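Below, each chain spelled out in residue letters.
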Amino acid sequence: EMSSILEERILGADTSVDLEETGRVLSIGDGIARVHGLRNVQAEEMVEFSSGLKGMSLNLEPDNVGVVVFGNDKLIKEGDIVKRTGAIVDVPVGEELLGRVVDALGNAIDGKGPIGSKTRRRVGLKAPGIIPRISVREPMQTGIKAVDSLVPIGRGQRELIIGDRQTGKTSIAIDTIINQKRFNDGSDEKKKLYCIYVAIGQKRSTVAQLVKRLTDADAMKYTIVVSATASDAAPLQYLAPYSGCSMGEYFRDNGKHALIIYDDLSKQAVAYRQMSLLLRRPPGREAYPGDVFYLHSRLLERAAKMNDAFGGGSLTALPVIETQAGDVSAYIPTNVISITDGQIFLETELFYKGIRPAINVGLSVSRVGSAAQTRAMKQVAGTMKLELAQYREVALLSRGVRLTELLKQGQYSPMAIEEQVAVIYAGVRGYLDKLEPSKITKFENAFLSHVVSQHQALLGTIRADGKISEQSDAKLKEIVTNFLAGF
Amino acid sequence: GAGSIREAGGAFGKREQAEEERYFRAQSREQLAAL
Amino acid sequence: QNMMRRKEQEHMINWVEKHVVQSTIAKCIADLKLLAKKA
Amino acid sequence: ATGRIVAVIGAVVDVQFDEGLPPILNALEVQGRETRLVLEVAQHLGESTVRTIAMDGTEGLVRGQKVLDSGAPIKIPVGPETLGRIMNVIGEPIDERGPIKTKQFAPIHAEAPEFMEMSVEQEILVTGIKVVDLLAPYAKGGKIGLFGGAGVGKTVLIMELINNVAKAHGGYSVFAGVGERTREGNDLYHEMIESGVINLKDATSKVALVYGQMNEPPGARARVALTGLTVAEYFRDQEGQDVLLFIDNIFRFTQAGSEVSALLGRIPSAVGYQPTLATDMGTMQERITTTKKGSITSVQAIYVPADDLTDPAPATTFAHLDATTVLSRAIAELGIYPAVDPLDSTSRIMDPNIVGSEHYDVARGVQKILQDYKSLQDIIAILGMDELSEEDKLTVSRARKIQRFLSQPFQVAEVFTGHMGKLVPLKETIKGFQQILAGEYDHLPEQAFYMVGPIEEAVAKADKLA
Amino acid sequence: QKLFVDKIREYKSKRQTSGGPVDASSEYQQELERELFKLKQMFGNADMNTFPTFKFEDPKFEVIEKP
Ligand SMILES: Nc1ncnc2c1ncn2[C@@H]1O[C@H](COP(=O)(O)OP(=O)(O)OP(=O)(O)O)[C@@H](O)[C@H]1O
Ligand SMILES: Nc1ncnc2c1ncn2[C@@H]1O[C@H](COP(=O)(O)OP(=O)(O)O)[C@@H](O)[C@H]1O
Ligand SMILES: [Mg+2]
Ligand SMILES: [Mg+2]
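Residue numbers (our numbering), protein chains in the order written: chain G, 1 to 487; chain P, 1 to 35; chain H, 1 to 39; chain Y, 1 to 466; chain L, 1 to 67.
With the rest of the complex left out, here is chain G:
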């Protein structure tokens, strides 16, 4: 149509010209531009090349400025003009990013038009100090039985998902994102969790698959997907986690609660190493720069729970780390493990032995723990944790196998906390030792069906009260006894 392209597309275009402060490309190569001039450029300031490309000035040196290019250096030649933008790198933030797939700088890559964003936020902001924070109390529900019961996560926590390749880390993150739909459509506003998935160094078709999976479950309406894939410049993959963290800090600072997944931080470390080695900064261990720990700690400190004076919002962080051959002792894995508030260790042996999700409950710890659980979940899960430990000590034994086969879960099926509590109750009270370990799984399905067909009252009770009462204890007791008699 000749109206959508000319009514204001040309009528309003900011045709004015300005007196620009510029420099001149001395050299260009491998995404690094050494630029003469640019006297008044700031450190980490965003500059613009004469071909529309943008870069960030990282090495302020006496005779040149080292600029990392946010794109392909094919379009930059020696002698090109580099204009200042006067601003430190920032990205659009707000509610208008929900449902959109954007790149590391906030440009929509989903072919749906521009993000109608009016607020912008720096990517390198400082984390909140001691005073604005308060203890982590509200639970972040993942929908995964093993996590929600034995490695609970609160709102404002940093829980690391660490494991080998193809162990099920992205599956945990996506289950957690899908789970928040029960709360994001409800009426309680302080229970809604807006999700953010940062894809760093991934295949682009993998991100397309993930967005398809999130749209199938209708989870995209409250999810921002930041995508800096394998073909994107190393600066963009370096900057994607900070852009996502700014998009989440917007919610954190407004009384809302957000969840961010960094999938994964090993590839961000690789991209940062590339940028640093090409900026001629001296290498350290495994050629990584000296400040890779600072790279990840200044990022993972921005996940926080705020007190009431600052809105009461939160930002939960689920960084992902891929280890080689199970070497948790590597450089970046140990860095991120020392940073975060706990880890969820996934194993290949546990994966192939049928334990899915392959969470290693022996190693998986949540430094927040029961402080961020519901009372009902705590009641059942303290006993379940004790019995699973005692089973691991001798692997009674039949109850232990029952609980193990009860921790298994399908993919893309995050259960509600009430149904989780009912299942763990049925498993921890003896109602599962009369059945062989093989059939346990199917019973659960049937059980859930029954409970979600004719017993919505007890589930609503558990949901509202948060704890089980002795009355409701007896109710669910008799329900599960009758169902086991009929099963």
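Don't read these hints as lab results, they were simulated from the structure. Watch out, some of these pointers could steer you wrong.
What the hints assert, rightly or not - For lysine-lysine, the following BS3-like pairs were computed, each having C-alpha atoms within a straight-line distance of at most 30 angstroms: (1) G/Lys77 with L/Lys60; (2) Y/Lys140 with G/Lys212; (3) G/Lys192 with G/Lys221; (4) G/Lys126 with G/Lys77; (5) Y/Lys431 with G/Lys439; (6) Y/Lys393 with P/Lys14; (7) G/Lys442 with Y/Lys393.
Given the coordinates of chain G, assemble chains P, H, Y and L with the ligands onto it according to the supplied hints.
Below, chains P, H, Y and L with the ligands alone, put in the same frame as chain G:
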């Protein structure tokens, strides 16, 4: 290298721990009934 | 319908861009005048 | 634009231009050579000097030699005229059949397809290989990667896949030989001529070959994969065809970059590799993809240096693939071929909602029993077989039978094994492994499952032993 | 005001599209047909310009009578 079989956490350390726990839980049940 | 609109609009943009390129000292006069207003 | 050579170090050439500095990735022609010596601009050094990577040998270059700028990157002939022909890294024919007379030339450097062009269809691609089809099935339009050390069977497996899929394929096919044996390329050429897939007399050829082999300098070995990509990308975009792209070996690409990375003046990364390993690999691999304009099913053989899967190159390649077939030297020394590691090979369509609950359950049970066997291996090694329980001995016996039954004779391996190859349908594989897991053959010896096709051949071999 | 020249002149040129369907294209069909083929084949296979006629089936049932 004393205690290195259990310290390696292999298939032999797990069975060692299982043996100790079995034996001493049997002994604890035997010692609690006689108390 | 949406696809037709999208492709027709894209070719319209391409054609307008190609055809304005084919189409004056008044340009330099206004340029010097605006550089005078640079303050 | 004309410049002059000011430095020659290996495959790297510095060229100083008096006017008209050529952009990065442009192709330059050296004047005064007997053959075509193409330099690809990689860096702008400053003071009107560029640094380039040579696509051929740099012997005989003199400082001050003239160099013309072409005005564009390396452009290769693309079209249906490249089918049945062999071209090198710069698109020149190396089959002595004259010029490739296409109507269009495409640059080997292009942008990766955008996010809105990606496809999501995940239909299976049955290969006739029991372990692949059972445990890590391939998908049409997906990315397959065959990992393996030296002499474990990557070329044998990729030739078996060419035999089992490319002949039965309806679309076109492109084979990019990257840093491999030249006699293997000669073998493939003549075998495709014999089998009619390449026709030297008319235009019914279905395969295009692009070879830069291990006798080539590192620039040709680094860009020949891009040349093959360009051919396959033309077939996918402008023809809308379904393309098969076989790349053996893709690791060489990375390795070639390593060989030039020092001469380009870059601080080395881990294990001496270029600091740009992951972004170079990503730029290359993101073009190897299925878009909503056409499909590309890709089979890439990936060399594993010194059998170390944690090496940066295979470790980085792992993230670009939809299916990984990891071959193991330890399994190859047990006589089991193909040497697929059943607990290291994965696939993204190994999903009940995609392959069926029956397939999924059989695969997961096989992997469970193999993991349990591996857990028992230590006690079996020290305390012998007799110190296990009854269920442990049953697990060991069934796991060994399953290990044997995962092996299979290939038709490309008929020449040096005598055993006729087997193409096992997917349903027969699922049935045979379901039956072995059930226990219906706990009475047959384990040697009866070694190097057979369907389970009926296993019982026939059992009845032939006794 | 060459930007306004672009605006006005090319608006009046594109508006001269009565006798032409797609504003003086002379091309863009060879790829549009492949695109429409893909779009139709991924939306369906039947004729998508007429109302769908509905074949319907009835659930089977067995001899449940007490033997
Ligand atoms: N809880 C589960 N139950 C069954 N299958 C699962 C489960 N979790 C993951 N899987 C499957 O195991 C495979 C692991 O893939 P996934 O993306 O979840 O892990 P990953 O660590 O991100 O792998 P990578 O990073 O190498 O791509 C997937 O095919 C997935 O479908
Ligand atoms: N499917 C197979 N059956 C029998 N032998 C095989 C098979 N695959 C490989 N081999 C053996 O391993 C050798 C190496 O084969 P090849 O595929 O060329 O090694 P590479 O992994 O380097 O490509 C073969 O000559 C053959 O002896
Ligand atoms: Mg993943
Ligand atoms: Mg080989």
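Hint check results:
1. G/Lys77 with L/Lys60: violated, 74 angstroms
2. Y/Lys140 with G/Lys212: holds, 18 angstroms
3. G/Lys192 with G/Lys221: holds, 12 angstroms
4. G/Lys126 with G/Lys77: violated, 36 angstroms
5. Y/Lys431 with G/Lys439: holds, 22 angstroms
6. Y/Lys393 with P/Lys14: Holds. Y/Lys393 to P/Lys14 sits at ~19 angstroms (cutoff 30 angstroms).
7. G/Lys442 with Y/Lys393: It holds: about 28 angstroms lies between the C-alpha atoms, which stays within 30 angstroms.
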